[PDB]
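> With the hints as constraints, model all of the structure from the sequences given.
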Amino acid sequence: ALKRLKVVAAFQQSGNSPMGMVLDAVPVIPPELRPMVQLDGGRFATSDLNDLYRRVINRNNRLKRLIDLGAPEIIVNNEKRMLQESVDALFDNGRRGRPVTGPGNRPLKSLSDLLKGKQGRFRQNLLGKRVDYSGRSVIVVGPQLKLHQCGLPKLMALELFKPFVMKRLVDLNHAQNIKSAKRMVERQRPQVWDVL
Amino acid sequence: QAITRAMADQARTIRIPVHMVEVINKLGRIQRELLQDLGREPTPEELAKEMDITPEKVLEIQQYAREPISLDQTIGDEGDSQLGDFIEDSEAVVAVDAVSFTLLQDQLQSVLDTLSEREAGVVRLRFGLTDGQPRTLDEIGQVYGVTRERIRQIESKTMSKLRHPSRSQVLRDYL
Amino acid sequence: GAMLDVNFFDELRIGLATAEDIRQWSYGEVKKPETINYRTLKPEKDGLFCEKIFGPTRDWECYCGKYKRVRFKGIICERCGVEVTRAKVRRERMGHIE
Amino acid sequence: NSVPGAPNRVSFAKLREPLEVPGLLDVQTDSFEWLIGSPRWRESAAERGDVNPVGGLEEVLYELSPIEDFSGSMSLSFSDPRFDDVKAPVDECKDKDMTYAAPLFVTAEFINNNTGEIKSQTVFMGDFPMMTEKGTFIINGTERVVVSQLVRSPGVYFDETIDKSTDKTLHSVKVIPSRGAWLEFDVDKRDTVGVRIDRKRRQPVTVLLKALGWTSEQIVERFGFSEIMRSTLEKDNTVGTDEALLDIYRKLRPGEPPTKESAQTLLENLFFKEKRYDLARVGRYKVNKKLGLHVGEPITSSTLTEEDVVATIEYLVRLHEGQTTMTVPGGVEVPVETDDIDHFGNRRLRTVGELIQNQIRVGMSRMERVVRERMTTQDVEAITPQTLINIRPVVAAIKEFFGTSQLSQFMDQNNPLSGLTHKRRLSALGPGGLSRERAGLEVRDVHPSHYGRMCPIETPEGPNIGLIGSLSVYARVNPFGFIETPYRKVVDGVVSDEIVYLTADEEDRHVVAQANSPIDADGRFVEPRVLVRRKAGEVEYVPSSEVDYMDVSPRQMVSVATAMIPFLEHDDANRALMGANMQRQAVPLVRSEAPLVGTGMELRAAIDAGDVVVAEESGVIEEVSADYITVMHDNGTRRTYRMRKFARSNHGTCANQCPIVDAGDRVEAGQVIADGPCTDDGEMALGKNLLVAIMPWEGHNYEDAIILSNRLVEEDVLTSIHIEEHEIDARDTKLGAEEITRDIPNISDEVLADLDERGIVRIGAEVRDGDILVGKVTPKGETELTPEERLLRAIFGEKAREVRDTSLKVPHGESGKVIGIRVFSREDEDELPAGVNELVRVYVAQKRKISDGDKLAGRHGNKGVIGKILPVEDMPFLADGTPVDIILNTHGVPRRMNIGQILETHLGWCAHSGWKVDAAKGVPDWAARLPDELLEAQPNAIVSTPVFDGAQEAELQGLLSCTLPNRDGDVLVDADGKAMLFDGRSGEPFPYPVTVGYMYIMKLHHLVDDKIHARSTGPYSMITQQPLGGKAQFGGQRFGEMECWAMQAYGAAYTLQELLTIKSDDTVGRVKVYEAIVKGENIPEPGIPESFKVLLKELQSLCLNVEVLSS
Amino acid sequence: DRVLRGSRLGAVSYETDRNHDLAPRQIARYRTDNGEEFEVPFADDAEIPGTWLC
Ligand SMILES: [Zn+2]
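Chains as they are written, first to last, in the deposited numbering: chain A, 292 to 487; chain B, 353 to 527; chain C, -1 to 96; chain D, 30 to 1140; chain E, 3 to 56.
Worth flagging that the hints you see were computed from the coordinates, not collected in a lab. A hint or two may mislead.
[Said to hold, decoys possible] Cross-link-like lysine-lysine pairs, in silico, DSS-like; alpha carbons within 30 Å at most:
id : chain 1 : residue 1 : chain 2 : residue 2
1  : D       : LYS674    : D       : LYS878
2  : D       : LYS1101   : C       : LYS71
3  : D       : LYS897    : A       : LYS473
4  : D       : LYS809    : D       : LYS846
5  : D       : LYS1101   : A       : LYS458
6  : D       : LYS809    : C       : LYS66
7  : A       : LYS297    : A       : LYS407
8  : A       : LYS371    : C       : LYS29
9  : D       : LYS884    : D       : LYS809
10 : D       : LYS878    : D       : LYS838
11 : D       : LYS1126   : A       : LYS355
12 : C       : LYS71     : D       : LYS809
13 : D       : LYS674    : A       : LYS458
14 : C       : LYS64     : C       : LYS86
15 : D       : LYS1040   : A       : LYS445
16 : D       : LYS1060   : A       : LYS407
17 : A       : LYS355    : C       : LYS43
[Said to hold, decoys possible] Here's a subset of chain C near chain D, in silico, CB distances under 10 Å, partners left out:
id : residue
18 : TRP23
19 : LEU39
20 : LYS66
[Said to hold, decoys possible] Short, incomplete list of chain D residues facing chain C, as computed with Cβ under 7 Å:
id : residue
21 : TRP211
22 : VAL400
23 : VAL1023
24 : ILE1117
25 : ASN1134
26 : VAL1135
27 : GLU1136
28 : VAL1137
29 : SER1139
Using N, Cα and C, we set each Cβ at its ideal position, and we do this for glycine too.
Shown next as structure tokens:
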């Protein structure tokens, strides 16, 4: 009774209703979050959600056809069970039964698999991101430096400080505008070190 | 009939119609039966003379018969990364063309403002620099109260004045 | 609560979505399992990618081609159906399946 | 000796070698010619076991044939595989990007049963990728190597467990086949015996016995000694074979209406019928060896047996009762013991022949399914084998094995040693083996049965420790897949010369002596007690009459790469691991000088790697050029060997070959005739000899950094050549066709200087990062133009320029000459893919000198980046005038336990300056066991210390004490190995003497030019709007959770906010911060990142009503 | 494994975003058979269709 009273009190205290646990209308994620992108040479790339949405839409249209046609209970109940399994595999793949596989026998990536684990949104894109204005190299020892100094190679420093050097070598009239200044920086004409 | 028709209608992501699915299957069977007899893969010329079509048509059919790959397979075999994070967004804001466009609009506003008012208004209404709507020659002539030949002569003279290098150098570097 | 996502936040409340919330979020019902026409590569009508439901693909440029400027903004093309606005509304508009 | 064109390398070894080293690619070549059925394998198996010579293809065809339909009306049979000749040679296949194959023909036969007809035909079964002379496949122009695989062999595996609470010993059996269904046994905390078959719950085993058809009288008759078995027969609560059969049917198959005949034949069809259950020939041999069911009978009918099941239960119940031996009725007795699943008599080696044979069998199953499908649909009397057989799944199975598998890897060629040690590798992970995340620490250890079958040293040091090993030097592979090793047979205290190959089981059975023990010149031992190796891996002291085997040599345990470290037994094992892993990352220099002190495993590892041209028959050289040698043989004929000149390897180095003969010489068969990348006069040479000092110098060599001299940049000592390639292709898109031509859209004339009349650059033109390599211009069409660009076009009169330029430009940081342009075309009938009309590849080569940031290493695991390249005048010079060339730090030697480098340094100085031991008043007593003609040596004498039998410390002290002076009377290095260096910068001498000598260091492929990248603004991702990652792109750095915690711990909030918003995701904010930086204004405040709005759309799409409130 | 560059099937225009002078519009009002009403903004020089897909 305690373990029942948890969820019964949860549905009782708020303005929630328990009727939202069944569905009459699945929503569809917008088409820029499940893109169809044409590669270099006519190869396409889809994002595995179009297959799950296509299976839901196919089975729902077939069910509408069977109901408005008039079919026996075995066929209609099998169609309803198939529609239920399709929506379950859309919301969470591999939860009840076998996962729905694609080509090469790998499981498809459903909606709940965008959120869990180390590959999910919360750990892969919301907390740790790639950043601009950054670079790597391999460190060596600098025993003539002071404690507040580091050596930076000039080829990395030019690429990091490119907008500042573009502004400064436009203002010193080495170039006329941003386009010619960027061309001068990328060709590395020897005024750019004195600006840098 | 129902099973094969629905398999044609639903088996593919980008839907291919039934007649093109028929000719794709026929081309596949022809290519397989020719490959068995030849001991080699048949050329498009041999396939085209077998199926009574052109090699360009054979290439178009083999172009249409390709299925998409998925964005979610881990193309790093260590599993750390997937394919959808290795694709350059080739239609994004390049972050230097936007500031270059803003500076171009600033410079064009300056050079247009260093002219006479009637000529500047004629150029702005002719090329649609006011509100993005280009205006017709008789429309400019109507709103400025002169004839269309006078308007186009003023436009030609102003275009010469802008084409002169004294006003034209600072925009000549932009293009 | 507002949904324009300007930076005036106090809360972030999560609840349990009802059907009358889902068919109030949505912008139209997707009712065909089609994505893209195989020859011309344009998004099919009432499909998973339909511009009438999810907005236009080209910035301020409608589908059939009748209106193509920033002068026309928020107008509905009475032949094809797409409204004319930016192409970044294809990451912000949802549909629903009945 | 034994190689005719050899450099005379005097050895310090004191033991005679009874067995020469085998061919180092016989792990690969013998397995693949077994799979083919080649006559060389046929005669080898003829002289070693000719009762059943069957190749892999004949075995697959026999275990498939014959295919019958459901009614048995007709049958199809295969027989006699046969290969044609290779359609294109090796260099042509490597150049034209076509695979290296040979056609396969199978004589099919279709038999009609009731009527009586045979339709024998000949069917083409695709093209089979053949193996070259060096154990490498060639797939689509590249060179691929299929590594071996360690898998656990099928058999029966008794093991014991001890209960936590009751502390009873619980025993268990698993019998594990290939492709079958598992069945186990148990003894629980009570006195019951589980039978948990196909991962089901539990039953008493008497239920399974009754379902097999055994009465309770039969069970008490057979298992009369077993209190457990008679107790479970009392507690079985089930009589009736049909009732027990229905019980196991209900426990096994849930939800099916049980019928009598299906319930009866379910267990029989699951286990004893060969379609659904087959432990292989290896598994049948292992079961017969363990239980003792058959001895003399050859292996056939490899399904299970009820006799095998009852003998397994008998073995389990006697092991639980506590017996030590057991006789199966009908066979010889065996000992009773539990099994270890990491013993090397239980881990078989699934080599390249067995891997390709498995893929062929997988393809043939999918072929025979459609054969028995289409056999019945179309009518009889009209079918033929060529209409029955569809070879598409077979050829697709072979192609999908050779591409896109994790056992068919890219060949790792930086040098001959890396090429050799990428083969002879036993990777324990793959399809059919354990994964990386779920691999326990039990399987990653060194079992004591690896002595001579694996190397304890050489493993990858990353997150793959112990999961990837390498074969030992003398090891072989059984017909089944067990790893043998040779031993000398000693008969009654006399060591003979007959050599017996013993696998791990026989090595556990016998007792094996040690290699460096005093033979008394005929075979007798000298001391009356001999150090041995016993059964369980223990080491004892056994008198010299129970000894019945002896090792062939020391360094039998070590691998190929670990056999080239001098003074290995003085290093620690971690540093030996690092040395053996860094020896195969060296780059080929332009000069390739042989080492002054090496081991013996250098000439053999060079001529067996394959990158050295070796004369086939003896003759006299007729003409030498830099491209060919033509030997004139002893009988008329002549043969011209071409050379690979400046050909790119897989990893971007150079693969030059240059002759080392004269135009009138005489050669013998097997003699080295042309060098390779990393060889010198025949033998391996990965680095240069550099004069070293072991002092700490002014902090520039602090914590493993290294200071060089400028002489190594001036004289091009450590200089390598690296070759890139670039590829563009002109296909036909929707709006037109792309065009490769020099008529580029809007661009200056001066950038079109080096380009020729038709696009591509001229050969020899120096390029730079941004230049045009191939001018390709794509059609664009007509789009909308802005009014501002419309006004500019109307001002300056240019047209719209309807085609868009997408050329090929050399990426950032690259330069160097253009070597060659390889251009394919559609019009020359070249096999380009669908759509491609023209493909052009441009090779750009640059010559990289040594620089700070480049990484150097020795042989004993002492790596380190180069800190500073001093000029040649401020280096510590000797008293004679010679400057030193590197300065290694001295704080990294004692705490890392690698004084192999100090002993190599001392012996390098002795071998450089030469010696002469004064044998006037007899030989001195340090050199009593030195060989002859090591008592004197000229300067630059190459010596050799083998691995575990080398130069001793007393011999090193003596040779250090008696060297010979340079040019004047001056011994620069006194008896301790130390010299009195001056200081080239302040002038004064150093106050204490410093160790100097000659050390052999090599340049590693972790160069500073390939590692540096930077990014201000580049490409962005697709779904989320974050920057891309990797140096192949522009690529940004990753700022993860731990760096966010460090920033929060500092308290910098604004740094964190601008790192997570206006540098990654604020799409309207990145352009504003760029224009504010360019105009010089203030940076604007950030906005909401894009990934949060993507998160809200996903949460709303999961039927959750996430709404952000306001106040 | 590669440096793959792909584009979605659309083009980005970039003009100014102004909101002071726009083309004139007038709002139609469609009601379904559910008893629910929807409003769609058409153009002034545009014929109002009788049935609209809401
Ligand atoms: Zn329209």
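> Where does the structure disagree with the numbered hints, that is, which hint numbers, in rising order?
3, 4, 9, 13, 21, 22, 23
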